[PDB]
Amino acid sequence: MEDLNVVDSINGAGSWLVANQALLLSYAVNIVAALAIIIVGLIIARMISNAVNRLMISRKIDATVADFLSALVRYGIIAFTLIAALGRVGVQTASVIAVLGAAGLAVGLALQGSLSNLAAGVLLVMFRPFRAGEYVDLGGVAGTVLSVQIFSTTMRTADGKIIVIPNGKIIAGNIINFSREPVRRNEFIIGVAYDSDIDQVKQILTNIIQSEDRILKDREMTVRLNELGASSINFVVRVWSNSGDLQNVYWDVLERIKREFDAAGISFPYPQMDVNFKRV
């Protein structure tokens, strides 16, 4: 029992190697496994770091951002290696992994702003509330869609502007649509003076909305007195047309109204006001 005579006291049948080689070899495999973990983590960090820098230099990137992310991944793998080795050698790594988990939860609550956009993009792809050429209205901005991507949706406004809008923002609102339904409805409102005959007005409006051709006849065509107003009675007029003709139908019916009324004698009224004069 050489190690028994080298340093430790005998104290009588104290053959500590025969009953301690298990623990000694446990320490040995601990330090050797620590070495192996360190060296393997080192070489794997090098390999994966250069590999990601390569496979990122191909696609559109920035140089400083590339170096930043590559070194970030390198240091992350290095930190995992170091923590694993510390745990393997005997140090209670509970605190370092507790603060590591706190930091990870922080990063997650940070990325939450964009992971939502990614998920919403996936859902808009799989459910298809609209296609590329579809003319839509996403939360107050209306214009022909141009493309749907993973993080955002590009749509050209009717004035030529190009709006990039994030997906997570539109999936949480009313996705109105305009090319889904083929036939839609216009709504004129024609305030006239209070002395105008109602029969004549309704006759004129019915003749006008009958003479038209893009106006669908197999549906409702309303010409009713809708409201007694401050200076004028308002007539509502509702007619249906295809999604294509809508605006031109509006303009044509509107100019025909402007001509027919002035031909008949019906008068659009200026804002009226009654004054009671009294000198002082």
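Residue numbers count along the first chain shown, from 1. Between two forms, the rigid core is defined as the largest C-alpha subset superposing within 1.5 Å. What changes on going to the form deposited in another entry:
Superposing the rigid core between these two forms leaves a single residue from 228, 254, 236, 48 with a C-alpha shift of at least 2 Å: 48. The rigid-core alignment places the CA of residue 213 less than 2 Å apart between these two forms. Positional change of residue 267 between these two forms stays under 2 Å at the C-alpha, relative to the superposed core.
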Contents of the next structure:
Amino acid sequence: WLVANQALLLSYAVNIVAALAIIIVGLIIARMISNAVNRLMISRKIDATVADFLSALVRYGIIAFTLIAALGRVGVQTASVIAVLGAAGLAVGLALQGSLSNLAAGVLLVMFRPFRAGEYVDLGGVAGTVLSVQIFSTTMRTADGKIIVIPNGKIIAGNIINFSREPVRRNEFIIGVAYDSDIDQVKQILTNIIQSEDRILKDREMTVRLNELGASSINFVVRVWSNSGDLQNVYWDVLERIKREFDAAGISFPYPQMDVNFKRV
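Form deposited in one PDB entry already given; the form deposited in another entry follows:
What comes next is one chain alone, with no partners or other molecules.
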């Protein structure tokens, strides 16, 4: 009988009063925090539907938190709701793995700087000048003139070749001449063409060596070092001069040779 010779009914009364207190302060704290986030988002920047589900999801989250806290305050065991809610949080955490990976990689590309804005690089077989580095992705304009947006988590997970870091780079040529050409003559013509060029650095190597005895031609290699801004112009100028002086000196560039053994008359 409930003749009240006990204090457990007092404990039950303070439990239901505490549950109603949790409900009403959860409602008003949800309202005030939604108002504060709504005030601090409009002043800074908003998208309409994005800020809508932002404030809505924060409000539903804090309402669900205070509702199951009030259910647990009464005496209802709420561990299944916490299990489903933790599984849903882990699902959202697996969903946002690539985005947060791009964000962490974007932080690392700002702290450590392998490349900066205006530096010709290569990011996994994609070459071009870096325009800007942002939090999720970098934009880079190629030599063709097209803009490529690459996420940061793929930038760091691969090699990042930087062309504009070292001021001195190397050209390489494969000059195929005929088998009947003199080795010393072709070598001294190529040496004169290399040493008569002022933008080829003389303190580095100036290799002119027979590299390969190919199918229809002996291939010479010539490797010269220039500044990184003069590289393509040195390539074009010395290639044109190689062609002009080999045509002037009688050295022939062979076609795809073939021997034919004639039969059946």
